[PDB]
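Shown here is one chain on its own, the form deposited in one PDB entry, set out as structure tokens.
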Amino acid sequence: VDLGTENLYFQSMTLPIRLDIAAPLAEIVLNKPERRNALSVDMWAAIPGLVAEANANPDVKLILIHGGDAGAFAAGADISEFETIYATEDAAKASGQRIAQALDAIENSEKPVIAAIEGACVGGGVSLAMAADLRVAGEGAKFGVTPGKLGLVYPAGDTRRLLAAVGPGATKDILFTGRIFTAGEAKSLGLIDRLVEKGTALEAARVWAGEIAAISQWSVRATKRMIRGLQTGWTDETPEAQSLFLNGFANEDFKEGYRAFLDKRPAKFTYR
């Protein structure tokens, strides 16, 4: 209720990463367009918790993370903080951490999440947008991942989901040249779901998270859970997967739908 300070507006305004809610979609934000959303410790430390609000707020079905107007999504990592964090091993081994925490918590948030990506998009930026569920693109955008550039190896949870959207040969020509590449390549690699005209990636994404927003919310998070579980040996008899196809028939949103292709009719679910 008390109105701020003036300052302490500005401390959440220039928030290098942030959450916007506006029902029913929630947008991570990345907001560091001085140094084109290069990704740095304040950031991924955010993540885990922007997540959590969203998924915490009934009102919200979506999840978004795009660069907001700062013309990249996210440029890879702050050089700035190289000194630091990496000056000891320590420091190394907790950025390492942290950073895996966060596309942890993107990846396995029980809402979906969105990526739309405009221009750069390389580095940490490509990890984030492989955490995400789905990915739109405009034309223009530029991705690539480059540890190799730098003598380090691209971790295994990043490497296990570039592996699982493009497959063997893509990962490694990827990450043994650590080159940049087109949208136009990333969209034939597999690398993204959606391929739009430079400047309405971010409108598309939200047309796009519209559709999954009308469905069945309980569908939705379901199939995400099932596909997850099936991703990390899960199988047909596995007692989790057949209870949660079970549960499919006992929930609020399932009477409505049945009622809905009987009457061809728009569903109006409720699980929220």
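So that the term is clear: the rigid core is the largest set of C-alpha atoms that superpose within 1.5 Å between two forms. Numbering follows the first chain given and starts at 1. Compared with the form deposited in another entry:
- In this overlay on the rigid core, residue 22 has a C-alpha that sits less than 2 Å away from its partner position between these two forms.
- Annotation: Cα of residue 250 displaced by less than 2 Å between these two forms, core superposition.
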Contents of the next structure:
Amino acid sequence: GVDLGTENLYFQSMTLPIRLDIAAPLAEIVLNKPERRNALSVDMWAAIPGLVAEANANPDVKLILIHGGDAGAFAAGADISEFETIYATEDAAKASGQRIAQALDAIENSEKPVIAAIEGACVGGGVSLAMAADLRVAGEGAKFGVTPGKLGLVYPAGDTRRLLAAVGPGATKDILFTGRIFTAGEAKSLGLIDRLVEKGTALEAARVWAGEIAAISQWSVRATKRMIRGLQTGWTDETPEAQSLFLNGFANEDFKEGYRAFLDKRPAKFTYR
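We have the form deposited in one PDB entry; now please give the form deposited in another entry.
Only a single chain is listed, so you will not see partners or other molecules.
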């Protein structure tokens, strides 16, 4: 038995403003500043790459979810109380940008797929988080907006890329040129979110969707994600990586089992973790 520690350590671990819950085959990145409607702070951004790494290193985890817990919001934009710190100097502002880019890139490049489950406010950094995920499900009543234009800022290259790829140039320009807040219904219509469900059911829907993906070959799921990311970043049909990834399709432990299951006339029981 590992040492049970102290109340202060326990309280510190619960009050972390973002955390990773493990419930195999899921890991859940839970935004956990409910008293500020999950407005994104420095320490939240700083923690994300570590949480993503933890989920990816745990073999019981197949899929990662990202959601707002019981805050009643996904993320209500940036925390205005930190504005004075993050923008005090050019250096602090630059570091803020890097910290955010690292968090978003870590989510985007996660070996394991990431599903965002969105209720209530999903604004600014919230949209950026959501778009870094592979898949997005939102409850009715959720609200979306990207607002650097209301501040005199510009949305970064990565965030803009991810948005463009989902909604196209016209819709991206509308969103960013106006900074307007729009409904889940419009988000669905624009292609910003992939599924629209009944209010308060996004998390359950994400879990069931994740369950479906978890049931198939995880070798395939992860390879698929690499293939897609590869193609988005310039791979062609001739690219050696793309060819070898395809050929590894026939040489991996899941296909070995899939092939055996087809011959034995039984369900496949995939083992790749």
